[PDB]
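We begin with a single chain expressed as structure tokens, specifically the form deposited in one PDB entry.
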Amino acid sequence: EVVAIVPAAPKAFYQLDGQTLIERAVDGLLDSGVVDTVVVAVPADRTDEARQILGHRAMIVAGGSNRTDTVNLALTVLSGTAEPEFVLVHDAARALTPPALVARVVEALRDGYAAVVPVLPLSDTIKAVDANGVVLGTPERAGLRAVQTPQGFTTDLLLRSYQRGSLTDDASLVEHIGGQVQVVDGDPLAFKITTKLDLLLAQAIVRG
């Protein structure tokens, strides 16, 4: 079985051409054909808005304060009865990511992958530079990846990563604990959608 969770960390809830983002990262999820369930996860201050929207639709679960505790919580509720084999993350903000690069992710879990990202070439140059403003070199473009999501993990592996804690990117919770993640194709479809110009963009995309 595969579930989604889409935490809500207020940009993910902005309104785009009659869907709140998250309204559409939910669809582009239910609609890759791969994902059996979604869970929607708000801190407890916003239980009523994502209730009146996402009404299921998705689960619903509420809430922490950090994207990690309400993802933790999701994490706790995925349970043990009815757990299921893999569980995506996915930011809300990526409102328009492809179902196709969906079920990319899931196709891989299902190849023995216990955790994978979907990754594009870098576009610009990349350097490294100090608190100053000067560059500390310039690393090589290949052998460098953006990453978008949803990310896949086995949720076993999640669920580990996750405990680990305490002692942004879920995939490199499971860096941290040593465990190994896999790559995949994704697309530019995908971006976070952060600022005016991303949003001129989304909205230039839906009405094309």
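Numbering follows the first chain given and starts at 1. The term rigid core refers to the maximal set of C-alpha atoms that superpose within 1.5 Å between the two forms. What changes on going to the form deposited in another entry:
- For the residues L159, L30, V181, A62, superposed on the rigid core between these two forms, a C-alpha shift of 2 angstroms or more shows up only at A62.
- Remark: with the core as the superposition reference, the CA shift of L144 between these two forms stays below 2 Å.
- The two forms, fitted on the rigid core, differ between these two forms by less than 2 Å at the CA of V40.
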The other form holds:
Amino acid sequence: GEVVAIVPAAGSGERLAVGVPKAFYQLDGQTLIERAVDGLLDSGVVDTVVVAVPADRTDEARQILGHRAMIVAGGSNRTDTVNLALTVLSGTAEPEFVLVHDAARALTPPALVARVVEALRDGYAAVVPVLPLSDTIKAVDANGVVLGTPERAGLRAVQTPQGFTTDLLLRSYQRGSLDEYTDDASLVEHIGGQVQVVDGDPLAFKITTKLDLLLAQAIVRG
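After the form deposited in one PDB entry, can we look at the form deposited in another entry?
Below you will find a single chain and nothing else.
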């Protein structure tokens, strides 16, 4: 059973503001996109990686990644990007599983990727890696008034790679197109698909702000 990983890397990273689109930032000698691609490939369970990048960076992405990933242009939002990437999937020989993995989670351990794939092979149709909440979480209305504080025991913070049987992911995206989710599993939940969690890893944090970058730098050097 073949496993394809789709890597959305086409966002600009406005909250990061490092002078270049985020996926192309050089973290201690190596771009975030190459790091995220290595994590996937080093897992030993990913057969093909397809990366989606800004349309004017496809050449640069190719120079960086060479043979290691197929390159396509991303879209206006992450959902668009993923839809574009899914069109690459072979008609005649479709993979058994697809992972979707944010390039922004560049320090994701390969062991986490393998754990997601192991859960898929155990028969779960949709799998997401999760961690317990760090901060208290509150529901807040539009005027900044707290509505309440959900019981945290039943809440989790969700990471990527998220993994799916191919047919389920495709159906979910096709049906979702009949209706701004940031989370692939939400689309599967929407058509009544059932999602199982596995343990994530604090190292799979999304590099979003400069403080996230500082943390990534401290991890990587030393």
